[PDB]
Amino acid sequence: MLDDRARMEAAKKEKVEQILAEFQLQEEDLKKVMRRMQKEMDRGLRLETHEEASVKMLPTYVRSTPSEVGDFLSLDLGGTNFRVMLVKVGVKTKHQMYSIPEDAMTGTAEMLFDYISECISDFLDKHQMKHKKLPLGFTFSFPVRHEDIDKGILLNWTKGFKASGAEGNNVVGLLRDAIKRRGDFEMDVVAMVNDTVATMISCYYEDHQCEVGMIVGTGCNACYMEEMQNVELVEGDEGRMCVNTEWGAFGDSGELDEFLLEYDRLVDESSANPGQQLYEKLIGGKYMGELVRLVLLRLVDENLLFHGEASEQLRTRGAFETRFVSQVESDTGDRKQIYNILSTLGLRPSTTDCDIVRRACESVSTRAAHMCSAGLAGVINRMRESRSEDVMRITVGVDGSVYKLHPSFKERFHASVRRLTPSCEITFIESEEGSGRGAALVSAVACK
């Protein structure tokens, strides 16, 4: 009867909510995370504690103090795909993207950088400029210990990259060697920047108050303009230098242990980098969809979803894409968006199945937005303190598919950051023109 079905639905909804409630973080939990992060940030900056810090706070050699004109080549590795851009500084652009084969990401460094070199060759042919030798900026979206703007060693791969013979080596050297091995073109590699830094610079170009760059895409990281006096790893105390926090590695020394759920442990254990990038694994688009998948599998196991039987596709690693999380939460109310995703995953969902999936998506993405907010709040509060300002007015430049494309992440993230940053006026701007412009603007100064 109607009332039996209604009782069934009410009981099921209550059990789902009890499971999903584990993802909740109170304001005090976020403040606790924020304070621990701030302490790690201070530790990363100091000569005495840098080697023992989980948040490395890497000097970028991008400074506030310093431009050449002409054609500039920009490369981008580490986001999604490999990107080549021609930018004219006098800014006018030209662009091509290349899908990276699986064996290039997990084979040898030689294989990866040969592929990069092959892609540059393709781009130069398309624009009749393989004879041209240009200044090149390399957006390389991984933790790098810099000796200068144009020299730095890869500390470790992140986001599923596994290429052997790269870690501990000069990344600019790896690129130069590959270009030489091919011998098809010549480039002057003048700058290497993180994607956070490329974003901050490109956003700075539009708004001179931009002194923070943040990525919420495949991975999650931020950079900011630190006082040179506080950057102990670089001699000098005049002006500012951009610092790459590598905050994704927060928690890798156990700093998040009490906040980690079974789903987080499972994601971590099945990842290419177990025990590493734990904070990023709570937020990043490489992991968000997978977190949702594991939640759905728990609900299936409890007989709360899909009659307790999951499809082959739902039981496939990585099959619940982060873009599906965004699409599910974009549903207007008719459940059509949710139904389509679940249908393509080989499921036959009921209306309540769809509603439960939405609730699971909201739980994971809300926690991601709130965890991320504690990170940025930490950066912003530290900047306000360091600059001795009663009220700080700052612009944060942002890029990444999670931040840009999720229908709700942005709203939840902004509101939480603002709550956690007293006496701060924060303006958020989006990196509409890609990393390439940021890399080229850096190159235009660096090539001197």
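Positions refer to the first chain, counted from 1. Basically, rigid core = biggest C-alpha set you can superpose within 1.5 Å across the two forms. First, how it differs from the form deposited in another entry.
- Rigid core superposed between the two forms, residues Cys354, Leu175, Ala369, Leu347 considered: the one with a C-alpha shift of 2 Å or more is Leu175.
- Here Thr108 counts as shifted, since its C-alpha moves by at least 2 Å between the two forms after the core is aligned.
- Superposition on the rigid core between the two forms places the CA atom of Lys133 2 Å or more away from its counterpart.
- With the core held fixed, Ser117 shows a CA shift of 2 Å or greater between the two forms.
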Contents of the next structure:
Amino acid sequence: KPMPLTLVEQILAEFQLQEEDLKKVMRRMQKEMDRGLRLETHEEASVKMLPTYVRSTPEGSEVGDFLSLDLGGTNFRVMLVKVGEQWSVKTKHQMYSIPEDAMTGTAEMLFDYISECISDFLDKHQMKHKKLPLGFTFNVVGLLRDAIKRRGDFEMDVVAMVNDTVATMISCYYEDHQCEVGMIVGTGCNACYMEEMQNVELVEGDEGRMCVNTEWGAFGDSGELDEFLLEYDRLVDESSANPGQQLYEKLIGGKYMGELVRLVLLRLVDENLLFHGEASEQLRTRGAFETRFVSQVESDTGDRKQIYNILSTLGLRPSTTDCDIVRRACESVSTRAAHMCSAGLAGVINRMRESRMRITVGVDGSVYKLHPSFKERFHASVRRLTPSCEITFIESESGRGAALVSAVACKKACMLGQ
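Could you present the same protein in the form deposited in another entry, rather than the form deposited in one PDB entry shown above?
The following holds one chain only.
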């Protein structure tokens, strides 16, 4: 690395977060999860800790057979699943490519094509009498119900989807049975984990555990993060659709990460430390610096070409120094996102530890998967904040994890009386 520009470093250093800071954030998250878990304070609690009814014991034994529907980009998978016995997950499936016609009509006309494919599948395997439960993997539930009803020839119960943190936990559990935490760092950020039943005051029972959906994005309503906010965070918060809300997520989520960078670049520019104090009209446009650009700038192999090309797309003609500064502005934001995020997962893992540590954590999300070194910085920060825990991280990815998600969602549904 070259000797950095001092003036720039003083501005980017404002993003730094010390251990003592993250422990502050951690402890504040912890008290907020306590408020969420308890009957008495749950309604005013901003971190809701939603019981998911996904228990540590297999329930809904009378659901052995079901249909799993993995809805993807340009196609979908229909999959028949039979659960037996550890659970014996038997599957057969079919890939269906969505025609361009079906893609480009309306959402209702789309799900009629999906329903049509389901009919063919059931005919192919002689199951059009069986009235199977159907889960979704990746209001489409509503659309499929209406599209099946519209057909009338076969009957089918489309169950409620699980939260994406829960699906991540369940599909990662398939491959590593030590997984008891699900986490998403994409557009938004959330976490779920297996809580002790005695702590889940909203569902009575002492025995076993239940997944709890933290919905921790809402953390910060009472100013729990105020001392750690910066002018740019405040600006993002004011221009957003929901000012004063989702403050924790605003620091971390992919939804705003690009906008934060853009604002940092404008500060630098206005300080005459970047682009000779001259921004483009694109750069002065809200939303122009896409979050994908951040990962791209931080992927640059050292030759400045991915950075140059991105900045050129915004109507800038950057010097080599300008490209270095952008990289460092991107890293500041990323690394701060990773810190803030690690403080949340640390509060969860330390809370789980008190009740008892080798533990696996399932993770998903574009930021965690695709941002060059978010995961690395994130891992190291959590491990630091969680002494006496050994944390294995895995990413969700033959379609049997998805089948296990759909089995749980259907069995949950049976258990709750539909």
